[PDB]
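Participant: Could you put together the complete structure from these sequences and hints?
Each chain, written out:
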Amino acid sequence: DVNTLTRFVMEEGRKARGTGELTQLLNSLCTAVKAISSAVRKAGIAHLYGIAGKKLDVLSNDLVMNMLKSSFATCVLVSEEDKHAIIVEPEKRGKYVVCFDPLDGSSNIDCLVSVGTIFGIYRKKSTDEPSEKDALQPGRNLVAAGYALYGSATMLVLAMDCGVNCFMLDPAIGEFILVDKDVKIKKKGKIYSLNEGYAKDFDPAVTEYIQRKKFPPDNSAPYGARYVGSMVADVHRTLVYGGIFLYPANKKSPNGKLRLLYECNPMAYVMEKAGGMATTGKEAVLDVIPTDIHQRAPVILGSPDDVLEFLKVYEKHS
Amino acid sequence: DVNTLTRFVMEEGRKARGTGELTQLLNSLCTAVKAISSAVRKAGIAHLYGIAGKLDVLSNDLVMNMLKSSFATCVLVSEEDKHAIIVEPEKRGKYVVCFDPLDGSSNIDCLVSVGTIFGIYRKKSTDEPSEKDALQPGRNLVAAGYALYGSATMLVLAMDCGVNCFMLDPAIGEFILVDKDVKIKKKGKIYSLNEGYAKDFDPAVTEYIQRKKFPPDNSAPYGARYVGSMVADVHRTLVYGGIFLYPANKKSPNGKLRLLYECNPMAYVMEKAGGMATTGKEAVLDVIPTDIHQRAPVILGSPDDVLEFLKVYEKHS
Amino acid sequence: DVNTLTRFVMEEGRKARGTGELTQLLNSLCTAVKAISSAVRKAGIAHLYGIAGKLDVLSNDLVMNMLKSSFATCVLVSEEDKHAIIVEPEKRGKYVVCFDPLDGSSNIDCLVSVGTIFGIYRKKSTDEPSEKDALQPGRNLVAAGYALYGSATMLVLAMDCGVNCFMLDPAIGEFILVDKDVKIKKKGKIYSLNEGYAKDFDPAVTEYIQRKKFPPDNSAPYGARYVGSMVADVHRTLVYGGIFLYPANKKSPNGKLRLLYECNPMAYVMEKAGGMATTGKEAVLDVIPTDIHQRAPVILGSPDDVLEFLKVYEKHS
Amino acid sequence: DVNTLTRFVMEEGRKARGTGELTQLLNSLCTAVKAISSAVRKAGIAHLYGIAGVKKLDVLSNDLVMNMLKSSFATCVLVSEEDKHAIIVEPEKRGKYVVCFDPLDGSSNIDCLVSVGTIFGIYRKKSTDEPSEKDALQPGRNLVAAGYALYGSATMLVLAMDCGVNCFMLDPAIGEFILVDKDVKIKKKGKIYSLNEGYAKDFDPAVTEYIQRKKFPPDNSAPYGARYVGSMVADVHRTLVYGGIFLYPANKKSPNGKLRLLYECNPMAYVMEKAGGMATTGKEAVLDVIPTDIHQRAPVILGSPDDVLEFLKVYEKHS
Ligand SMILES: COCCc1sc(S(=O)(=O)NC(=O)Nc2cc(Br)cc(NC(N)=O)n2)cc1C
Ligand SMILES: COCCc1sc(S(=O)(=O)NC(=O)Nc2cc(Br)cc(NC(N)=O)n2)cc1C
Ligand SMILES: COCCc1sc(S(=O)(=O)NC(=O)Nc2cc(Br)cc(NC(N)=O)n2)cc1C
Ligand SMILES: COCCc1sc(S(=O)(=O)NC(=O)Nc2cc(Br)cc(NC(N)=O)n2)cc1C
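Residue numbers (the authors' numbering), protein chains in the order written: chain D, 9 to 61, 71 to 335; chain C, 9 to 61, 72 to 335; chain B, 9 to 61, 72 to 335; chain A, 9 to 61, 70 to 335.
FYI, nobody ran anything at the bench for these hints, they're computed from the structure.
Please note that a few of the clues may not be correct.
[What the hints assert, rightly or not] With a straight-line Cα cutoff of 30 Å, these simulated DSBU-like cross-link-like pairs (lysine-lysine) come out: (1) A:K268 with B:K217; (2) A:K86 with C:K198; (3) C:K23 with C:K112; (4) D:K109 with D:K72; (5) D:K71 with A:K71; (6) C:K207 with D:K207.
[What the hints assert, rightly or not] FRET-style restraints, in silico, Cβ to Cβ: (7) A:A301 with C:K198: 15 to 23 Å; (8) C:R140 with D:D197: 45 to 53 Å; (9) D:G26 with B:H334: 57 to 65 Å; (10) A:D99 with C:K198: 28 to 36 Å; (11) C:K198 with D:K150: 48 to 56 Å; (12) A:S270 with C:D197: 50 to 58 Å; (13) B:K205 with A:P107: 35 to 43 Å; (14) C:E332 with D:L56: 43 to 51 Å; (15) A:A301 with B:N158: 56 to 64 Å; (16) C:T27 with A:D99: 34 to 42 Å.
Every residue gets a Cβ at the ideal spot worked out from N, C-alpha and C, and that includes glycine.
Facilitator: Take a look at the structure:
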């Protein structure tokens, strides 16, 4: 039977017999993603170039913010684009806290590289007046998370307790079609992904691990290398093909570069629901308790055999 | 004034006072590229999954049929076809087209950027058309370019008048001129290659990449990017500057990329943009091919970066 | 605040504290409507004409499959099917849907506006659904409406809460709420019927039309419009006011339009918008059908106009 | 073999050995029609209604056609339904052609989503004097090309030239007009008549009798059907496809009709004649009227030749 994102979420909600707020939230986010996809693919660019005589990251943030505010399902919104948490006005408050990066990778969008939207959804835990503190939950508390990848096609990957499911946007009809059900990552991959241009700054553990991938001590084939430079594209390839993605700490950047709340945690959650792993080196990404909504974290994620091998090398230098 | 691909090509053809065959060819290829973009973005995928109860093959069929029906071509070389295609006599025109209809599609399962690459020659011999008419050096190209199906769809077209970039507006199905007479940066800050083959690299490549990560002059190290899809990696090189490398390795002792419909079209765009493209021993555009699917090593990009690599290459004889 | 069809229906369903079946039904229909619109605007026609080397049947297949797979329906009545379709047991829900998947398609050769019409009932039986579950008067309708594939695509949905109009934004494939709680004008200035059959008219219809062209009180004559596509003519009546007629005559004592999936949904829309819909003898919604494909005369639109017609009909006993 | 509008126009142009100006004109107009279609179908309307937290369609359509024609370098004088005076193209952008157009015909009722359309007629400038409004005052017989785009259930472009009438369907998935009906001809006699019968009190007596003959034929044959969309492009395209007759005739209140000669009547009369139909004012061929004002009106009766001839017989009976 054909299935769509909306119909899929509704069916899961009916099984759980929830109130419907989470379904309204996801439907609103789905509408925002279709509008971002349309803008990213440059619909209407002819009018900007004068056929008849707002930047993408700003527009993307406005779409997600406005669709989430008007869903009546959220109370606190944390965005990569905003210094402070946004508190939904009282008449529109619902029960969820949403952390998101509305257009990840957009710094290099001038070269038409894949870009994406990342989101993580938490339940507000206290009855206190909503505030920035409500977003300071460990990733283990996520109720749902995922990403939209605007690549050669647009796909939404949605992770929940029931697993990870992948939906392809059919732009002819504006519907997300379920195309990959209950996806699991390979136990061990053949690709490693990181910015090797910064090798002079590498932690000694990262240097040794990468050397073993290129010069295996036994007779296995060296791994292939890929680094798009857009987190959503690199993580999605890691999910589909297996392997390992690294944005690790070094001494210049002792906490890494990627943001914990709206980059690392949603991707770590997708990975764990697909049977993968996600570590800071010292602990699971999902176990870090944040103290700042924009705090950074190191991240190494992907196939479990590859992540465990990195942790072996990391321990060796600890 | 706004400009479109069709109107741009027509105006250039009128200036040159040609017969119109090349304009008909390019218009036909433009139509194929829009149809490929629609399929790559998965229009109609709901019907395949039962709402009412392969991509590289379709892409090849689109380009082949639109080029045959243009009446402008006589010999067609495709990555997808083992032999050159000889256009039937009643549809024959004067141009030879070499193309890769969906480059990078081996990894399309992860939604990586993919693209279409093409190079167009005037048939040079007066012999009956045959595979030999496609064996010209890239220096003989009349036009070349690529369509990138990335976050948006863009067509990059290089001719004697330079390199011009057109964005497909999917609301109206028109390629809009957005970047005119493009030139590559003299020196970039990104290097692009699959370092997974480090064990197989020749010493010149090894030393060069070492210089990018550990500069002797205490300058900042280069960043690394490698999409694994040639059109995406080359387009970033064009837009941002830098260097792209696919050297020979043990699996690929003559290189991996195809000379006729990957290396030559990209080298032509690079040189018309003021960049460089070398095999290490000679300019890519100067290689005389003997086989339509033959491979070549390639290093291309900003001139100062390619010149620095050639300096290291000279050092190792 | 912006609103969409899906979010609007979900909010109304949550207010009503229903089980969710009707919302799933409407979402599935909305997907079918978007797929029908795409085909009607001829997306992909280049492939039918050979770029790489039925419509009413497809429309019926889209509606049937999306409704079957919604798990919300048990009996489906379509203009396209001689007998009611009984949903297989594991996919059964509690609702009966009567629909015309592509009304007006006989003249789609001239690109006239076409549409989809639907009416939704709760089933009457407590087990063993059958065609009898579709033989309900229109008064039993829970929801009804139509999609108009006109210059743009619009979905009009009528429920107890009133009538709401949603424009399909094809750039994002979303139905946007653009007209809330619509009410028809009390009196219009347009009448709509096929005057080519004037020879067969009931004397009452003859007199009423004469009053529109030669008003007795020196008011302005009405304008005439007749698209010949019921959804287009009824939507114009809703938006502008006025009156639409497909009346009974001696050759066709029960009219031409079908009661279950043309007259009843349009009459329900009209009544929820403050209009009227009559057969001449009784309200359309009060007719108890005995056959799923039975015909009915229909006169609908602005209340002052329908009441003026009924006054003339009364005079002719 | 598949054919597109661009490939069709180029091929006809190559045969004629022209300079390419008309092809550039038609391609620019084709781009304009695609952008009008996108706007008419409401692409982007979600932004107007606040999805992220601006100009009327007839104004936008005029701006699109005007800007694309000016930038084609193929035109010198432009007449639009929307502008009181002819637009004279600035000297560095001038070409040899005169274009008359209605950028969005029928938009008065676009609130109810009725079919709308774009109508155009193309003339060669005839005099060697500085271009002016007078260059647009040519009879329709001087037309080089004319046609219309119908934004109906699908978008179709009908293009008439010396070689006949050809119909192209816009495939919105790829933004290309695909040739779907070649060298179209209208039926010799139809079964549908089309006019606003609500104004019957004001009819000319000849029109009253003709419509009387359609509903109550003297030989007891079957009556004609009636259709009137109220959008000229929709009603005329139906007349072309199904045959029959379309009337917007003169009366005493409107002795010159209501439709505009230069950018409604003449282009449609030209399409009809190239398809083997007829188009008359009652007194003369529409294409033979020599205009004196760019916005002058003309009565028009057009369609299947046998139906128009029967109208003319009734019209002659009433002198
Ligand atoms: C960790 O959560 C994952 C699972 C969940 S729970 C929710 S929900 O939004 O909280 N509840 C919800 O949609 N309920 C719903 C919707 C409709 Br329509 C009908 C009925 N019927 C009834 N209640 O009898 N119920 C969504 C998802 C995906
Ligand atoms: C290496 O070439 C780069 C430049 C060229 S040359 C050609 S072409 O196809 O050979 N000639 C061509 O389009 N002619 C053309 C087209 C049109 Br419309 C009108 C007229 N007018 C006339 N002939 O008076 N001529 C295309 C391009 C881009
Ligand atoms: C004349 O129509 C009356 C209006 C109605 S009633 C229905 S419905 O489908 O029967 N019920 C329904 O959607 N319930 C729903 C949906 C979601 Br999400 C969450 C919850 N929560 C919970 N149950 O706690 N409930 C749809 C419409 C438009
Ligand atoms: C009024 O119907 C007459 C038919 C006509 S004439 C024109 S045109 O624009 O005047 N000439 C034109 O397109 N020439 C053209 C274009 C291209 Br490409 C190549 C060559 N070749 C060459 N010149 O050798 N020529 C268009 C149409 C449809």
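Participant: Does each hint hold? Answer for all of them.
Facilitator: Consistency of the hints with the structure:
For the hint linking A:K268 to B:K217, the alpha-carbon distance of about 28 Å falls within 30 Å, and the restraint holds. Only pairs whose Cα atoms come within 30 Å are accepted, and A:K86 paired with C:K198 is accepted, the gap being roughly 21 Å. Of the supplied pair hints, the one linking C:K23 and C:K112 holds, its CA atoms being roughly 20 Å apart against a limit of 30 Å. Straight-line distance between C-alpha atoms of D:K109 and D:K72 comes to about 27 Å, which keeps the hinted pair within the 30 Å bound.
Distance hint between D:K71 and A:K71 is fulfilled; the C-alpha atoms sit about 18 Å from each other, no more than 30 Å. Restraint check for C:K207 and D:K207: the C-alpha separation of about 28 Å stays at or below 30 Å, so the hint holds. Against the hinted window of 15 to 23 Å, the Cβ-Cβ separation of A:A301 and C:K198 comes to about 49 Å, which falls outside the hint. One distance hint, 45 to 53 Å for the beta-carbon pair C:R140 and D:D197, holds here, with the actual separation near 47 Å.
For D:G26 and B:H334, the hinted distance range of 57 to 65 Å is satisfied, since their beta carbons lie about 60 Å from each other. Between A:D99 and C:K198 the beta carbons are some 32 Å apart, a value that agrees with the proposed interval 28 to 36 Å. Look at C:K198 against D:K150: about 52 Å separates their beta carbons, and that is inside 48 to 56 Å. For A:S270 and C:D197, the Cβ-Cβ distance of about 54 Å falls inside the hinted range of 50 to 58 Å, so the restraint holds.
For B:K205 and A:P107, the hinted distance range of 35 to 43 Å is not satisfied, since their beta carbons lie about 56 Å from each other. Between C:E332 and D:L56 the CB atoms are about 47 Å apart, so this pair conforms to the stated range of 43 to 51 Å. Roughly 59 Å separates the CB atoms of A:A301 and B:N158, a value that falls within the hinted 56 to 64 Å. A C-beta distance of roughly 39 Å is found between C:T27 and A:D99, which places it inside the suggested range of 34 to 42 Å.
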